[PDB]
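> All chains should be built: construct the whole structure from the sequences, respecting the hints.
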Amino acid sequence: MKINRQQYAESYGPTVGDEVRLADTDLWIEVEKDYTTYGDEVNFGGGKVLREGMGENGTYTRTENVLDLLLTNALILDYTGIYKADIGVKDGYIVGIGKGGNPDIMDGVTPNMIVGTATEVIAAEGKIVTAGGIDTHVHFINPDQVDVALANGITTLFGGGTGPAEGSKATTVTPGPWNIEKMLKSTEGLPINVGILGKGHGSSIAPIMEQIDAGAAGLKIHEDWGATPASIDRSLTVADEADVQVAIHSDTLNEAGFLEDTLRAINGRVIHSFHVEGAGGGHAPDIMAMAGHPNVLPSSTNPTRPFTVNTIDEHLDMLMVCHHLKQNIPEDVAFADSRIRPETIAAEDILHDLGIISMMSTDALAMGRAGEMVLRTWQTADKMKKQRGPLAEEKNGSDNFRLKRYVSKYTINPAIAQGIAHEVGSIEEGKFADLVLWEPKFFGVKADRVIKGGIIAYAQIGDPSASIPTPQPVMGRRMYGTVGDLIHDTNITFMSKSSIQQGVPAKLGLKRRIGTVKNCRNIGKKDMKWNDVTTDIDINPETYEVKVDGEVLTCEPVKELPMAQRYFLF
Amino acid sequence: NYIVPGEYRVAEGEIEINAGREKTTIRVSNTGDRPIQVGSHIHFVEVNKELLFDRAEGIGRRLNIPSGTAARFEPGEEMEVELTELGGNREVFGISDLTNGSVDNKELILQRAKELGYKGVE
Amino acid sequence: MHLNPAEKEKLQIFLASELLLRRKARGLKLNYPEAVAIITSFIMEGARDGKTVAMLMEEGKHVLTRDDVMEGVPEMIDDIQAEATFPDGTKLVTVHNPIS
Ligand code: NI
Ligand code: NI
Numbered sequence: 001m002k003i004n005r006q007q008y009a010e011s012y013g014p015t016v017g018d019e020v021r022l023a024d025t026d027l028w029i030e031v032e033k034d035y036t037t038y039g040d041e042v043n044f045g046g047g048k049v050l051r052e053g054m055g056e057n058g059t060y061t062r063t064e065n066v067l068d069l070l071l072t073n074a075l076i077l078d079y080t081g082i083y084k085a086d087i088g089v090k091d092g093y094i095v096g097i098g099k100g101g102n103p104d105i106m107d108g109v110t111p112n113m114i115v116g117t118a119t120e121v122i123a124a125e126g127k128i129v130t131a132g133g134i135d136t137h138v139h140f141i142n143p144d145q146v147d148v149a150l151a152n153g154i155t156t157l158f159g160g161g162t163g164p165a166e167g168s169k170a171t172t173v174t175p176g177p178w179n180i181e182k183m184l185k186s187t188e189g190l191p192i193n194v195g196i197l198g199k200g201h202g203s204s205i206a207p208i209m210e211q212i213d214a215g216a217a218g219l220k221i222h223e224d225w226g227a228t229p230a231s232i233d234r235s236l237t238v239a240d241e242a243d244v245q246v247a248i249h250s251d252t253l254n255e256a257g258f259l260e261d262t263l264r265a266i267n268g269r270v271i272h273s274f275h276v277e278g279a280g281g282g283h284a285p286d287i288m289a290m291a292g293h294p295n296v297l298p299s300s301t302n303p304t305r306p307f308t309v310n311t312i313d314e315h316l317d318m319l320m321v322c323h324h325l326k327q328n329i330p331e332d333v334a335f336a337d338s339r340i341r342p343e344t345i346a347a348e349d350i351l352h353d354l355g356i357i358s359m360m361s362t363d364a365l366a367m368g369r370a371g372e373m374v375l376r377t378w379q380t381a382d383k384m385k386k387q388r389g390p391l392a393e394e395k396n397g398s399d400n401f402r403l404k405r406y407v408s409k410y411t412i413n414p415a416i417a418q419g420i421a422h423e424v425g426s427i428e429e430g431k432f433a434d435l436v437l438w439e440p441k442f443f444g445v446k447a448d449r450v451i452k453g454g455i456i457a458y459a460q461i462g463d464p465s466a467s468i469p470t471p472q473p474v475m476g477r478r479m480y481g482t483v484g485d486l487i488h489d490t491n492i493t494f495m496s497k498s499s500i501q502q503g504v505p506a507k508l509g510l511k512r513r514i515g516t517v518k519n520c521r522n523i524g525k526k527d528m529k530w531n532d533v534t535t536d537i538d539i540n541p542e543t544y545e546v547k548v549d550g551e552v553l554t555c556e557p558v559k560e561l562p563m564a565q566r567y568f569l570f
Numbered sequence: 005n006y007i008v009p010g011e012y013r014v015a016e017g018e019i020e021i022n023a024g025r026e027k028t029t030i031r032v033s034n035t036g037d038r039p040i041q042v043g044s045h046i047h048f049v050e051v052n053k054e055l056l057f058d059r060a061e062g063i064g065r066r067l068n069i070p071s072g073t074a075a076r077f078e079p080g081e082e083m084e085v086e087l088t089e090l091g092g093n094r095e096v097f098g099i100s101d102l103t104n105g106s107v108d109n110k111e112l113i114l115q116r117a118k119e120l121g122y123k124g125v126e
Numbered sequence: 001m002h003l004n005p006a007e008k009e010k011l012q013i014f015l016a017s018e019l020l021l022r023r024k025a026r027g028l029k030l031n032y033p034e035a036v037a038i039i040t041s042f043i044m045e046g047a048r049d050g051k052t053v054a055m056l057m058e059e060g061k062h063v064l065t066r067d068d069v070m071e072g073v074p075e076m077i078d079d080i081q082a083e084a085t086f087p088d089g090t091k092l093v094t095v096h097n098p099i100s
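Residue numbers (the authors' numbering), protein chains in the order written: chain C, 1 to 570; chain B, 5 to 126; chain A, 1 to 100.
Everything labelled a hint here was simulated from the structure, so no lab data went into it. Accuracy of the hints is not assured; some may be wrong.
Said to hold, decoys possible - As a list, the in silico SDA-like pairs of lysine to any residue whose alpha-carbon atoms are at most 20 Å apart:
(1) 53/B <-> 52/C
(2) 395/C <-> 16/B
(3) 8/A <-> 466/C
Below you can see the structure in the form of structure tokens.
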């Protein structure tokens, strides 16, 4: 007996060779392989397969290869591939990617993916499943920012801040032992994974280091605190001892040095370069030249992504209003004009497409949108396909190569850069079960269900008083993973090795899972999945033209984007 | 070219289910006065007692229908269905408690079925 | 007023439908959330008028047409479901393929 492909895909989600459009973009992803056994697909419901004696095993105890949760029929989009599989979760972690069910009567069942009495089922047929987004440029300014991030599929926030204090409104910094301890305590009630950055500023080691020992997971060097050679140097020395990452927003003003001076202070050490294009901050006008170096892990923030006809106007004014600039004072305007450049923003689209900028991030509430990292990543990929055509490396009509290059920017690469990719950042066996389900029509726009540590934390769901959950109004809502003590077991506080060894979690009464920051001083640009290109980026000091391999990198701004007015109420 | 957000573009061809497994066609009759609907993956010899068919032919088999679908028998309806072979370890536990072990034990399964009145044992 | 949880949530559907109707009245092609809001509020107000579930299931397919909405919106909306207090208590209305 045979099933035609259209019918197959409607029932079980797509299978090998089938393609799916991402939202209302022009981008197509193709199923590369499928772990199922045709005819023994898992599914749940009345008269369906996962029933006792059938696709559900009625013999094994939980410990005997039985799952806590099976996501059936997922279309996985990840750096590791675009393929169809069942996903098995146990103790909060992804334990199996393969074929789930009952070995009694089914062929091809992954041995530790038994559906038993202990197993919960999530039907992923017809959905795209990705890792939770890793946002490594977060300002902790307003607690309402967390649902905003969860609704666009972000599950980890790395950054700093104490709320709406001017230090935190400008810089991703939680300064000093006491602020760090207070924000670790605050973090106990935020339904998302968190890592806190201390102030990467000082001329003595101790003041910096004590922040790491208190529980910070890394450091931020920002020009508003003095992004000087000394502060860069001391932070990187602390980082190299502590095994944590340093992010940098360099000296825009070129006050103590030009880009080459900042690079000489860095001295070959590993560093994460935030908003590398430089509209978000950085040596004017040539900070984006950092993205060509081997020891730099480069990210963009999102308001420049991608280059649109309103981008410059909105930035020029944004910059003026947050710096209290005046169009009357000539220096103020020369400053704005040196910082907000059409030439570098256009080239940032193309550096993303080439794999030269490895990561995306938000800059949430400081100069970036908390719920648009995922959104703008895909809008950028879509714009580049239209302007540059499919990358040479593509297949059929698939955009699979570009899709793995771009999903990597907000999942695995940020995790790698921050020393937390043993726990999060990709759909792989042995990693925390932070998983986002998307309807294809809403892909990258609004997440269906966000799973945190193997329990749903956030969902687009309807009237709580109705007979069923689908009646209006359907809106993003916190789920049971966020309630009571469950918020501790489904989320991770990422901390330095020294704060963990010193018993900070116990000193402060932290109940959240504690994740260890590690392995981030011996990585480089070569470790950025699908985005590992090192090259000589030239930024002309007079015209701000960007050249890579002797060619000018230019593209036009677009008037319209997908994943925009078809979806949003405002 | 009209954009349907999230639409599929499926490849050409058909998907063959339960490929390379032996198929068997049998006649089954619902001798009861209420409707019986049977799922794809229930061990076929352990279905409702009132379904009359050669019970030996259900052993170690299930319906050869798309995973998660079911065959329906109205009161008094007789029709042919096609079965396919169970896979994996070819063991069945629970359900109607007729097998509880290997499906190779046909005489034991048929003895339990006959004693409990599952219609159609020789 | 003694508002319960659902009454207040559902007020927001009415509001979103007022917003969308204004947008439609100044000539715009409606988007996904706007179309859903207009059809949902139509159903709720029809239940408040005393229509039957079967009447609203028919009428709901004629509130907005494809030329009222953006490209692809018809195909994004497979159904619209809403629960409202009819004269005989709360009932569920499901409008299948409301826009074609
Ligand atoms: Ni910055
Ligand atoms: Ni920032």
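> Work down the list of hints and note, for each, if the structure agrees.
Hint by hint, here is what the structure shows:
no.	hint	in the structure
1	53/B <-> 52/C	holds (19 Å)
2	395/C <-> 16/B	holds (17 Å)
3	8/A <-> 466/C	holds (14 Å)
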